[PDB]
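Participant: Please take these sequences and the hints and turn them into a complete structure.
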Amino acid sequence: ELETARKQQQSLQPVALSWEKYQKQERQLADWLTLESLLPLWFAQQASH
Amino acid sequence: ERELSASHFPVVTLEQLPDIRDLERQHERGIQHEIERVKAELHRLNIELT
Amino acid sequence: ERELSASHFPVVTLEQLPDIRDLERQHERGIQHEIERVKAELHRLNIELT
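Protein chains in written order, with the authors' numbering: chain A, 251 to 299; chain B, 749 to 798; chain C, 749 to 798.
These aren't lab readings, by the way, just hints derived from the structure by calculation.
Watch out, some of these pointers could steer you wrong.
Stated by the list, open to error - Far from chain B by the CB rule (all over 12 Å, computed), these chain C residues: (1) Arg750; (2) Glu751; (3) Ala754; (4) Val759; (5) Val760; (6) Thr761; (7) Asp767; (8) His775; (9) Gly778; (10) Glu782.
To be verified - Examples of chain A residues lying across from chain B (beta carbon under 10 Å, computed): (11) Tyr272; (12) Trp282; (13) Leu283; (14) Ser287; (15) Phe293; (16) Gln296.
For each residue, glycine too, the CB sits at the ideal point set by N, CA and C.
Facilitator: As structure tokens, then:
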């Protein structure tokens with residue numbers, strides 16, 4: 251029983267690691283997407299000026 | 749948003765103003781390039797996660 | 749290549765020539781939209797295959 255719980259948790263932990271670093275890359279992508287939309291607005295401001 | 753866009757993006761001189769839209773295309777290409785690069789890394793990372 | 753691009757891509761006369769560049773860019777935007785749609789499908793299918 252102890253070994254079973256051990257193995258279950260041990261396998262799950264790398265899943266948590268991958269999930270969290272994936273979340274980090276997801277936030278990075280969301281931010282990059284934000285910059286993409288702001289690029290037309292920014293260069294439109296500058297072009298108007 | 750203006751702070752971020754100014755920190756990331758440049759501004760052009762008066763007579764090189766026609767070039768600003770070349771910079772628009774170049775910056776759009778760069779933003780999309782980084783978006784897809786991070787997206788593909790997220791792709792492979794999701795592969796590993798699954 | 750020319751026949752292939754033409755068969756998919758519209759061509760317009762002179763009266764909108766300045767706007768034809770923006771039409772080309774909008775067409776490119778739609779092409780990239782289909783690119784990302786197909787790529788999302790490929791993502792899903794790669795997940796399933798793995």
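Participant: With 10 Å as the cut and Cβ atoms as the points, is A:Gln296 at the interface with chain B?
Facilitator: Status holds, d = 5 Å.
Participant: If I take the minimum Cβ distance from C:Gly778 to any residue of chain B, is it greater than 12 Å?
Facilitator: holds, 14 Å
Participant: Quick one: work out the minimum CB distance from C:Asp767 to chain B and report holds if it exceeds 12 Å, violated otherwise.
Facilitator: holds, 15 Å
Participant: If we take the beta carbon of C:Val760, is the closest beta carbon in chain B still more than 12 Å away?
Facilitator: holds, 21 Å
Participant: Go through the hint on A:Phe293 and say holds or violated, using the shortest Cβ distance to chain B against 10 Å.
Facilitator: holds, 5 Å
Participant: Using the nearest Cβ pair, does A:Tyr272 come within less than 10 Å of chain B?
Facilitator: holds, 5 Å
Participant: Please check whether the beta-carbon of C:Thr761 is more than 12 Å away from every beta-carbon in chain B.
Facilitator: Holds, because the least Cβ-Cβ distance between C:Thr761 and chain B comes to about 24 Å, which exceeds 12 Å.
Participant: Was the hint right that A:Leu283 lines chain B, CB cutoff 10 Å?
Facilitator: holds, 6 Å
Participant: Under the criterion of a CB-CB separation shorter than 10 Å, is A:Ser287 in contact with chain B as hinted?
Facilitator: holds, 9 Å
Participant: Holds or violated: is the Cβ of C:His775 farther than 12 Å from all Cβ atoms of chain B?
Facilitator: For C:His775, whose nearest Cβ neighbour in chain B is about 15 Å away, the distance exceeds 12 Å, so it holds.
Participant: C:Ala754 clear of chain B by more than 12 Å, beta carbon to beta carbon?
Facilitator: holds, 24 Å
Participant: Hint validation: A:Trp282 versus chain B, beta carbon distance must be below 10 Å. Holds or violated?
Facilitator: holds, 5 Å
Checked against the numbered hints given earlier, this structure breaks none of them.
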